[PDB]
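First, one chain by itself: the form deposited without this ligand, in structure tokens.
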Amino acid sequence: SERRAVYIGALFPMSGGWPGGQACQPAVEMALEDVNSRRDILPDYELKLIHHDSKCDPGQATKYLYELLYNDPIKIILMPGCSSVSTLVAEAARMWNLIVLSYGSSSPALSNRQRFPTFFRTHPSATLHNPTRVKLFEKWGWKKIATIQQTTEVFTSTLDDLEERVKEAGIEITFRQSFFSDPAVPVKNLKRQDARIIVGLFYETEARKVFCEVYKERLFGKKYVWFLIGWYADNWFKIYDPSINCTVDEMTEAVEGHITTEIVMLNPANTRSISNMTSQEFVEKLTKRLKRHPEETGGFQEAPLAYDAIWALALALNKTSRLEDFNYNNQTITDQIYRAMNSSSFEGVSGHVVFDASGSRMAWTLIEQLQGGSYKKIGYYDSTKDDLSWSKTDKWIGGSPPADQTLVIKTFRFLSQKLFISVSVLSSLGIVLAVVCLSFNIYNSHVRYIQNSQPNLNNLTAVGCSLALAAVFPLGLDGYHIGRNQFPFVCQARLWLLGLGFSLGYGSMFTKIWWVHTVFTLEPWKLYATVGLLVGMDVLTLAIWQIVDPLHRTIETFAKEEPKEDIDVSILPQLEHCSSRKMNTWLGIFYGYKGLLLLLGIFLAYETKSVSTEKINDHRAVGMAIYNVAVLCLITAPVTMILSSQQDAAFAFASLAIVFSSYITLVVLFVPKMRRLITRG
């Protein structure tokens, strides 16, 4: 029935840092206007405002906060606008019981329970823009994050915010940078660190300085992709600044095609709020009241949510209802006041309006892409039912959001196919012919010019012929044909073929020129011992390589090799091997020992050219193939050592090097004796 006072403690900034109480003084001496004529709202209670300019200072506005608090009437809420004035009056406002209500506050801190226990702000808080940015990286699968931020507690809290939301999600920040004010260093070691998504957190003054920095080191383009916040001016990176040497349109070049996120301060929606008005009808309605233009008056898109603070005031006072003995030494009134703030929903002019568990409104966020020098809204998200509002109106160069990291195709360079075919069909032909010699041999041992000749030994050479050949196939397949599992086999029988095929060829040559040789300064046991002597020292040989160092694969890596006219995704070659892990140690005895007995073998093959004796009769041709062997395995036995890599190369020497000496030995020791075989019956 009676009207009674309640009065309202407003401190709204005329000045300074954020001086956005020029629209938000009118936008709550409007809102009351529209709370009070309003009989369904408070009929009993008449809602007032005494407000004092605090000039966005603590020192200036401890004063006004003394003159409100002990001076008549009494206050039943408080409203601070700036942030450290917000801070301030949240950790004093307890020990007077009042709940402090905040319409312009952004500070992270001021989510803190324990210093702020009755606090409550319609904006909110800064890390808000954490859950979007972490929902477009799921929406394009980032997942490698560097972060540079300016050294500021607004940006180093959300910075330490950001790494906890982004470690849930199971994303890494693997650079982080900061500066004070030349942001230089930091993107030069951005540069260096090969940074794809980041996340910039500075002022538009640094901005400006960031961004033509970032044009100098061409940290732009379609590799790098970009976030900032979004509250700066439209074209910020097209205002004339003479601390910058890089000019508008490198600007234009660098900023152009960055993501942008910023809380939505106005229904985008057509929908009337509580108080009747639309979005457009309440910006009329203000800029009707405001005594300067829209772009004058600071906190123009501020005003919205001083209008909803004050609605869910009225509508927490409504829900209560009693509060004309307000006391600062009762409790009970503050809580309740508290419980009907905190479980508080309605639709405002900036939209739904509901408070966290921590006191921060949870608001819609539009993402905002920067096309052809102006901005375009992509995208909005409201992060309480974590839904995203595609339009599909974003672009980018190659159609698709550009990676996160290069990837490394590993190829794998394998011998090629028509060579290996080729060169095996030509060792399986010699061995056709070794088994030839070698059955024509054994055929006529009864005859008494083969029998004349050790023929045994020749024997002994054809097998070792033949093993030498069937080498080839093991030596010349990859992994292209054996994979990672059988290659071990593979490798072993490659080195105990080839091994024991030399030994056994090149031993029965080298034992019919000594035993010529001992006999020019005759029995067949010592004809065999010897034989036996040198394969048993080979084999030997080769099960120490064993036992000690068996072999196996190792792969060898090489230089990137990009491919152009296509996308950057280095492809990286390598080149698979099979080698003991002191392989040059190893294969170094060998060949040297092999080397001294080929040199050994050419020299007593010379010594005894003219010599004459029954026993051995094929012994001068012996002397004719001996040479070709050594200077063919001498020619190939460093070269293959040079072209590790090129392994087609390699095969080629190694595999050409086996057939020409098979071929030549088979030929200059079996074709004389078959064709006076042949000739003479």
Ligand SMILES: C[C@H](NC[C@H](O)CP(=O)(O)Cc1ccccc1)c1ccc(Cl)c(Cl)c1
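Residue numbers count along the first chain shown, from 1. In this text, rigid core is short for the largest set of C-alphas that superpose within 1.5 Å between two forms. Compared with the form deposited with this ligand bound:
Taking the core as reference between these two forms, the lone member of 346, 590, 380, 232 whose Cα moves by 2 Å or more is 590.
When two forms of a protein are overlaid on their rigid core, residues whose CA moves 2 Å or more are considered shifted, and residue 10 is not one of them between these two forms. Once both forms are overlaid on the rigid core, the distance between the two CA positions of residue 483 between these two forms is 2 angstroms or more. The Cα shift for residue 119 between these two forms, taken after rigid core superposition, is smaller than 2 angstroms.
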Second form
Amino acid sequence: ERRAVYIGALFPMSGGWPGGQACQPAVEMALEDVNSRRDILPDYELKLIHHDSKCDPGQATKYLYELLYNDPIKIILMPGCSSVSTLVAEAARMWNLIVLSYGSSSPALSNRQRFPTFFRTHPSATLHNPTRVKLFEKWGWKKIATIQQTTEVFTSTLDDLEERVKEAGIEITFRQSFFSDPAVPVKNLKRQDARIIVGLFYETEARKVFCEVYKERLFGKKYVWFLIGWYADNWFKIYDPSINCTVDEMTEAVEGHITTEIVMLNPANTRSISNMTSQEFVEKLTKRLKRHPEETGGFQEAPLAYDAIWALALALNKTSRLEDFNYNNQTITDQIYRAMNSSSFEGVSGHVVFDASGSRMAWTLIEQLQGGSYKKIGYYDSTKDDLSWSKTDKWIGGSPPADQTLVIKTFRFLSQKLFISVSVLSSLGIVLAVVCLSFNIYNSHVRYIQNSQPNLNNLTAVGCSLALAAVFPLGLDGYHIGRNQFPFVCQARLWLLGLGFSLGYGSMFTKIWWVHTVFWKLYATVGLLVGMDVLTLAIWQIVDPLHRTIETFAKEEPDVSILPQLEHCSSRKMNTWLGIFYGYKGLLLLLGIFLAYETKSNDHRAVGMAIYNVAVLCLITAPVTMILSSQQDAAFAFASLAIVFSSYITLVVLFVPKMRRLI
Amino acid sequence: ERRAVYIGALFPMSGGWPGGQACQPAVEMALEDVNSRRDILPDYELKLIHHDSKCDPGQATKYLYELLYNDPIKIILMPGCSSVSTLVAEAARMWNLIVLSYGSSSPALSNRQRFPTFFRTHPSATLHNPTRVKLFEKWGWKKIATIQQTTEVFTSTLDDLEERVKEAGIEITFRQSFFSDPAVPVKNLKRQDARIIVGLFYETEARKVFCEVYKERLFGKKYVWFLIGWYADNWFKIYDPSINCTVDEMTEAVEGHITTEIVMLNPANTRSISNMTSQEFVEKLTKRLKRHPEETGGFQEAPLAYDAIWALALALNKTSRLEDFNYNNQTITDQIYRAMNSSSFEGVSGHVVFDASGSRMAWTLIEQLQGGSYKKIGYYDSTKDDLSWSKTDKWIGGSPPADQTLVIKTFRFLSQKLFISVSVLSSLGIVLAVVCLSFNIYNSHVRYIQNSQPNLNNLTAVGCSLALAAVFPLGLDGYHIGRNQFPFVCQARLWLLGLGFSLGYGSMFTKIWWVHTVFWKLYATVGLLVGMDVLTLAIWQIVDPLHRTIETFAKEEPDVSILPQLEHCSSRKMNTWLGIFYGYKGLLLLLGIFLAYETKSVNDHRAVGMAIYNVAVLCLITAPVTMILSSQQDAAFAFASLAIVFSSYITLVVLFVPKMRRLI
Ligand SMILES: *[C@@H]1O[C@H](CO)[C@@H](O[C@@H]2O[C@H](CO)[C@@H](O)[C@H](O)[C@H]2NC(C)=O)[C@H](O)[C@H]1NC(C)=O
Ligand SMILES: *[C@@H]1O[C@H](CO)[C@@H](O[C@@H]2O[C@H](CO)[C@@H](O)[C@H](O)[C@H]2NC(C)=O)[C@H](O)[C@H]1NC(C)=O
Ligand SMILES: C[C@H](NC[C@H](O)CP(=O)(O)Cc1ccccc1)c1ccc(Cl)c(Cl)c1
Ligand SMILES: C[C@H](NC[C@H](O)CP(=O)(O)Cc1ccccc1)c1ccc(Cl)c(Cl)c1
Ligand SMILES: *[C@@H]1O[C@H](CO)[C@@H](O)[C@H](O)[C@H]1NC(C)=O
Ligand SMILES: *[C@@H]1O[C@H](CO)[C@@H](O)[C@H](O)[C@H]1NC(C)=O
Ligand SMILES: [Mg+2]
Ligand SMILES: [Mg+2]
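Output the form deposited with this ligand bound next; the form deposited without this ligand has already been displayed.
Next comes the full complex, this chain leading.
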């Protein structure tokens, strides 16, 4: 005779998860297969005492104590629902019992302080998370947003996920759990601009949140969505009275969302401990269901029950000492615990290895929605990092997005059609100045050319030419210069402007000063002006010299955000030096024009109109430029136009008539 | 004899909430007081069968069934913790038992589908939320924030709070879930700008999150913090290993945080069903505790046990039929249920009424931290809406902040000192023009003044005067005008400028053409210019007239957020018409200066020519400037006004000063 052995079991034949329909037949098949074998428990015989629980802890504790405070005496319990398993595991160390939940996937059952006798063949839900991070590091996403329904599972899953992301060079950006309304969740996902979402919720919360993401147009090539694989295929094509949207409005919202689930069946065909395979066990089972698989609940979680009872039989074989087990002996349970901890074998679900938490690790699966059809992608094992991709992820732009918009620092440059025009004009001006200088030099014998002070009109021409040349450097801002030779340009601007204007006005101003005092000493002042200019410029460049500075405008650009930067070479006390120099030159302009109005009565009376014109131009242009600093292509426009027009006018005024009369 | 009646109970003497230490003595006192009375249950006698539970659902179901599958037969259960109460209350309909919890504050127990036999003398935690809304609506806060520890309570409290805020003219603006360490919670409260926070967490979580709110400088006059008042007084002055901060860095971070907590004791002195009061019941109890109250556990939740057993005895007196109670009869339990829901009486804890969810309502007492001291504030009742202020809320800014930063619309105006100086200058210019006109009119016979066309110099002066007048409308942007007269100004600007510049430059240019003929025919062109100007201006005002347009710049200048506005008036095609007009007038300027350069040899000719050249260069360098500086006041107007005034001054002096200097 065989010493009978009993095991309590609680099978949910109804409720949120009806997984007893397909997991009672599996347990019975496994009992038959383990008792037919005469090498496992030949001295004993396993027997089952089933009770319904409805995945309800009220129906559950009643039957638990009906099967606990009654004979026969049990050696183990098998609760499937997370709630019943949680209650049973917590309230078993008080009876010295082992609990072997074949269908509970609550991370809270991985704790050994409350659940010191708990083992399960059903992987936890945290086991999606080793995958997600090992799916972010691939695509390198460090900024993440998470949303979670309020359930007894998803509350711990994101905790595990944060703990696992911290140690993965990744961080979270947004998280908000909705009890019943996901709208403000999506509203903040749109406000915070989270392009990567991790959606933990059941089918109904899904159909309720996707009819909100569509309403918020928060999908497409700039948004990714992770979910769970448990949702039945073709779940968005189902009535959703609370979802005001429609099939066509959702199928586009859930287009290309990733889905990490677990695999509860060895895709291999290699035999197992029971000399059976998956394709064979599925048939042997479906031959025992009064209903069909699609109508039989818990059909994907039957192999877990099979493997659980098989692991029980094994870990009970090593022990082999059981007919004398009472609810007060904390030693038989410890023997069975050390036998179950060391439980390694290949069952229908795969290789079962119970971690220290009691749970078992398994192979994660990954899918992606590709036109109303789920398309497997890859597998991942949190044990050996063995990631088996399949190159089937069809994104929108051939590659996946990233955390956030990239702020590219763009530089603003002149139109580059204005620069060419101003430069052509300045070159023509230099040509004209040289032509006039030559016509004057060659005119060293004529009277009108002899009377007109030529040694000062030549200086006027030289200064006008220098100023004209100052045009090209005024536009070099990166399109044609580098950060190394850039101070060269920012210094050439200053020196050319300074010296050119100094001479161009000193000649024509000493001429009027002489005309005044007189109605070869002119060279004295004609040189003293340039000397004061050189001295003040050197003092400026010694005290506060020019150096490159980048000015950043308001960041915006119509998936990158281009923040514009202007390359302005400016000193620290710049404005002060500019104001000082402009004030000195303005005093000088005003004195020159006053002396011109006073001394109106050779070739010195015409220079007065030129003086006044240059004066008004510079006076109206300097402050303009000082104000238009924040604008390129306009400040330079006025500066270059003022320079070139002053030059053209001065030259054609006080050099042209000479030839017009001498020609 | 008396037919004994038994009561199963589960008292937590250890765990997160050790509330059996002070609730077993209270139970026993209640049983003594309810059996010493011969007018409640004279045929019966209540007896207790207790078991410790440690607020542990493992140590709890063991004893539950040691007292369920054993004799004697129990008629009711009394669990204290919320885990234990959630475990029992769902495993009682299976035995047809009544569950009467004196210490469970979980909203999940206000459900009749899982817990149809459950009553509790301990109010739920949702009972804080009717207060909070009745404390937001007052201070007008439609945008709030939340964070929640991970517990079996706070998860449902914010659910109730959303359900109750939606239906009260309120809307949430943030939420999160501090599980292990609050770091992103506060960071997003700073980023999302949550100035109103509702933090539900246990003391450990508090001391852990406040050493982060400080580190983030997320407190002050612009932030308000709501909490629960269950934390013991002077709880921030305690060691905090993970909280690198200290009392000095926390006492300032928890300054002025509201702590709405329930009141478990009648502050009144009125007697109760037991002919006892609060100041007396507390003494009688403390005379039964081997430890000190502050050191004893569950000392504030004993009155609830007393009231619970009294309610049980009352609702069991009406029923009076109990010595034959089996676990399979679903009728005695229904009698006791209809007797318990109809239970109203004044006990130590107050008025003991049981809502449809089994729970009871009560009085929430508000508190606020004022210098390391909790300062009571008005109570509240979710039923009567009765709020009883004490007027002790000491805010920082003499008043409480609001949800966000009020965005004000700012109208930028001219310096208003520039305007005065420039107006003075334009007025002096008009005075000068009038003086010169009067002189030119008086000396109309002298050849020195008979040569210069006076019928045209008068027009030049009239135009200069009009242009000078155009300076005043150019600075009226609201500081001196309203939205009604503002188009009048945006029309006067146009007409004065146009007509004055016409009568000036057209007149001088026709005079130049006339003197060119040498190298009433002039009146013809001097009038045709102004006529074409009037025609084109009327076309513009009839097709695309000027209307006030506002320019909005980026918000800046920092709790008021200043939204800057620019009072402009430019038509839709304003740029097009302006460019057309400026191009035409520039062509005319160039033609005039060319005719002058050609007529430089052929009275008042060179003066007119120099004036033409100056006015031309000034207008040419000034118009596009003012067109680019549209987005800048005090600069565009500055250039425009200085140009107009200098053009007027010069065009007047150049050709009227020599006249008088020679005629003197
Ligand atoms: C497991 O099943 C396989 C196939 O059903 C068994 O392999 C057969 O064993 C029989 C012995 O009765 C042989 O006659 C056949 O030739 C085998 N077929 C093949 C394809 O190998 C195997 O023996 C079973 N394992 C056991 C019983 O331990
Ligand atoms: C309730 O208690 C009060 C006082 O605690 C009782 O009133 C006293 O009654 C006694 C009778 O034993 C008198 O001697 C005292 O003079 C009363 N004192 C006061 C202040 O009234 C009252 O009788 C009690 N009610 C009951 C027992 O029903
Ligand atoms: C893989 C997992 N197996 C079943 C859990 O193990 C039962 P649970 O109690 O842990 C969570 C639970 C789930 C549904 C309804 C109530 C509860 C699972 C999860 C969701 C679904 Cl839809 C399916 Cl088909 C399968
Ligand atoms: C008013 C309430 N009285 C006790 C609850 O009624 C027991 P609970 O189980 O419902 C929640 C619970 C509380 C603490 C530790 C574990 C659990 C209460 C709430 C918070 C605190 Cl910190 C305290 Cl001291 C007291
Ligand atoms: C059962 O235990 C026996 C030892 O008595 C053994 O040798 C056999 O391999 C066991 N069956 C297994 C491990 O499947
Ligand atoms: C009290 O309970 C009874 C049923 O026993 C029910 O009819 C009644 O509505 C309840 N009272 C309230 C206020 O819900
Ligand atoms: Mg799937
Ligand atoms: Mg308090």
